[PDB]
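Q: Here are the chains, one letter per residue:
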Amino acid sequence: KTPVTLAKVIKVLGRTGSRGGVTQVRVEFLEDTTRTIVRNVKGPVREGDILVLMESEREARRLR
Amino acid sequence: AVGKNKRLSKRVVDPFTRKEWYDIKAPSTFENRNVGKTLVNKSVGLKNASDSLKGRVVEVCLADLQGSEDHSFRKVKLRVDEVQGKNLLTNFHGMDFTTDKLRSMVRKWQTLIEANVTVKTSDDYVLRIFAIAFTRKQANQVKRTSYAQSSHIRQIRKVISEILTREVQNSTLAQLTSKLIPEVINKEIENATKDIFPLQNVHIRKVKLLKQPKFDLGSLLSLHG
Amino acid sequence: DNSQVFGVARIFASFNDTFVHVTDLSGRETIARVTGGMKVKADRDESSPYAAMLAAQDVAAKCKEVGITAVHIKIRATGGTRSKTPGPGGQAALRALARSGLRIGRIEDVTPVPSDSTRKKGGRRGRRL
Amino acid sequence: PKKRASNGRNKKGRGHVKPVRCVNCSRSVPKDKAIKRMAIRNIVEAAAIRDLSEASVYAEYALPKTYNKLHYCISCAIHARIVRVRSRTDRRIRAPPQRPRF
Amino acid sequence: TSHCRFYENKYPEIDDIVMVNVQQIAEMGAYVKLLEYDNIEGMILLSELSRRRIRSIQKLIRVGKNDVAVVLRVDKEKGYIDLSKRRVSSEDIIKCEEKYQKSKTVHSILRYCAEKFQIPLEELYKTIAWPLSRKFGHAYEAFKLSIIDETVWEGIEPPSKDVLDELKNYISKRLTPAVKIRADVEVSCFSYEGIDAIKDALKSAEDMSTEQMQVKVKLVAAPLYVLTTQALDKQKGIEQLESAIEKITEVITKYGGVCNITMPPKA
RNA sequence: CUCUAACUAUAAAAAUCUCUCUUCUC
Ligand SMILES: [Mg+2]
Ligand SMILES: [Mg+2]
Ligand SMILES: [Mg+2]
Ligand SMILES: [Mg+2]
Ligand SMILES: [Zn+2]
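Chains as they are written, first to last, in PDB author numbering: chain c, 4 to 67; chain B, 2 to 10, 18 to 233; chain O, 9 to 137; chain a, 2 to 103; chain j, 3 to 179, 181 to 270.
Since the hints were made in silico from the structure, they are not lab data. Just so you know, even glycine gets a beta-carbon here, dropped at the ideal spot from N, CA and C.
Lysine to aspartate or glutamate pairs mimicking EDC-like chemistry, simulated, CA-CA at most 16 angstroms apart:
hint, chain 1, residue 1, chain 2, residue 2
1, c, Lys4, j, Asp77
2, B, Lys7, j, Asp94
3, B, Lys27, O, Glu37
4, B, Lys7, j, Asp18
5, a, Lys66, O, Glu116
6, a, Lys70, O, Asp124
7, B, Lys222, B, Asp131
8, B, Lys109, O, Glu116
9, O, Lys47, j, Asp84
10, j, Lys146, j, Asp236
11, a, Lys32, O, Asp124
12, B, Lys7, j, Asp17
13, B, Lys214, B, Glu122
Pulled a few chain O residues facing chain j out of the computed Cβ check, cut under 10 angstroms:
hint, residue
14, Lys49
15, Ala50
16, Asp51
Pairwise CB distance ranges (calculated):
hint, chain 1, residue 1, chain 2, residue 2, range
17, B, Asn95, a, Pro101, 48 to 58 angstroms
18, c, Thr5, B, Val52, 42 to 52 angstroms
19, a, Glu55, c, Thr8, 10 to 20 angstroms
20, a, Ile75, B, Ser158, 28 to 38 angstroms
21, O, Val121, c, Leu16, 30 to 40 angstroms
22, c, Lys14, a, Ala81, 27 to 37 angstroms
23, B, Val52, O, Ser11, 24 to 34 angstroms
24, B, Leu54, c, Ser59, 48 to 58 angstroms
25, j, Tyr13, O, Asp51, 21 to 31 angstroms
26, c, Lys45, O, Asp51, 24 to 34 angstroms
With the sequences and hints as input, model every part of the structure.
A: Here it is, written out as structure tokens:
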């Protein structure tokens, strides 16, 4: 199937990664806005973007 | 991970077509006597399933048998001994605590006292019972430790041992379990040692079982329904 | 009870290749054993949360096909003389098991803890790294 | 010279204690020079509390915790970030690091 | 032209061991032509390249040469393959080389046929390849049988009689292989007269030299007499030499001398 | 002048180095 979902960031949890070029945010789904994940982004983001995720069970883990 | 050096030293089917469900029936000493279901291979004339069920030990939370949640941290093992057809009957096999509660009460700055006793009940059933108690900080103890001297610990162990011997030798595990559910033995043990030491969290954990006389048919059918 | 057919999830999460192994109440009957290394390529991301996620999805699908709708979690670490701390994957395995429709009842930790027995592997000075 | 008047052991009147093994590297180290950390946590993190609560029978389950006392070695304790090097005037203090949260 | 994969499907299967010719490398991984199957590229990930730690990409990749490979995931809508090279066992590479060699021999033979007949290789495979693989399981084994037994081409429709005739010409010219069954007999005779007995045993052994299997007694030293046979079926020469052993023992025992066996008939 | 709560969690490899050292008084 094609379970492409969207998620609007509500807050950005700093920038992580050994490179220092990836960031970590807290995304909340367009549906069921009380259900949120923490996810890693590779690019410039701010409060308001809408990420596209092919997963929903995944949660971000700090990259070292 | 397909990697397999095939160091082997299709005739495939679905094993679930040749299987079915039996029902677990709890002793009448518990309220919610409908425990659950068990998956079993289909009956065969050469190898009857009814032989295969007997000896099974199901492990169920005590609160799942009485509805309440005061018995949340206990756990009871039932033994499958007699199968009535599409429904089987289970006798008591053992009792235990949940590790979560046990680690929750085993805390620092207090001495845990363990009493261990192997006895014979009113019938020929032979049991082993473990009791665990913890010294209690008094409601006025400005001293922050709550340790107990070795003499107090030995006296407490003696009292708990004699109480357990009394309360096992005077009843059967039918009555003994009907007594374990309202944990009146815990209260009796705590009260009998009120003068020696406070003894918070007097509990009876891991009621074991070591022997069974022959089969005990009549009481087994009498214990159900 | 509304006839929630129960099983025990019985997750086993070592520091490598977590296990998800659902059984009936008795435990003598084993169904849907699919593990963490069952579904990953790197031979070492078996302990990774994604491996446990995939294994949990597979067992959920299998047991839902079976008829069991609710499961009992029995988290086990590697136990014994080893670290006996829960593996990284088993947590995600439990989360994915709770995700896929299955109902959850009586989470327990059943790790085997010893009475300081059977001297630990490694020598007196232990693993030097 | 004496870096520690307590010698780090914290024995002072025993001569010998029974050693314990490290949880990471399995170092046979005396039980008092075996810096101990009592990890008490939830069996399900705050990341999955909502998911478990929504998808669990027995409404308002107690959600039991997990308890483990970790017996680290000292090399791992320095390396696995459990314990940190301190100023020689800060080594005096033995109180835990000021109540992580109130 | 070179196309038309040997096996059942142009796209690959699941977990099928594959057989790669690397073309170039990008940053992500290696896109590699697949020679076991028809032409479709596979992606070998960098993290899944080398058994050892990755240190020299070009030392191991060897752009322009062939190697072993294993398929992990497949795409059955447009065509994509995920491949690994780290997870190849020590023994599987041997069966990989033999499968490569036989499939490549078949490919070369049928490409020769197609180039001579100027018909696309796919059509010639339609008339020859997979009905043969259905009959025998391997086109090369069936080719060897057609070298021996010509009933292989029975029940199949070729595009023209010339195709089968020239295929037979090529297979007889190139796929020509007889195993030397050699045995050693020690004549420990000490009797009065053995040269006459040796000659009689010679005649008895050599008279049974059949039209297709000629058994000859070669002489090298006094005790060691070599027995040589060209076994085409490899299951008849041993009986021929056993009969020769019976004959020589019968000749030798009655005269007075003795004979001993040193090397029985073996391939 | 009145209180006992929150929590995690990485260990790839890295050997060696030759000169030559020079005052402080109003
Ligand atoms: Mg080190
Ligand atoms: Mg020093
Ligand atoms: Mg210390
Ligand atoms: Mg002294
Ligand atoms: Zn250590």
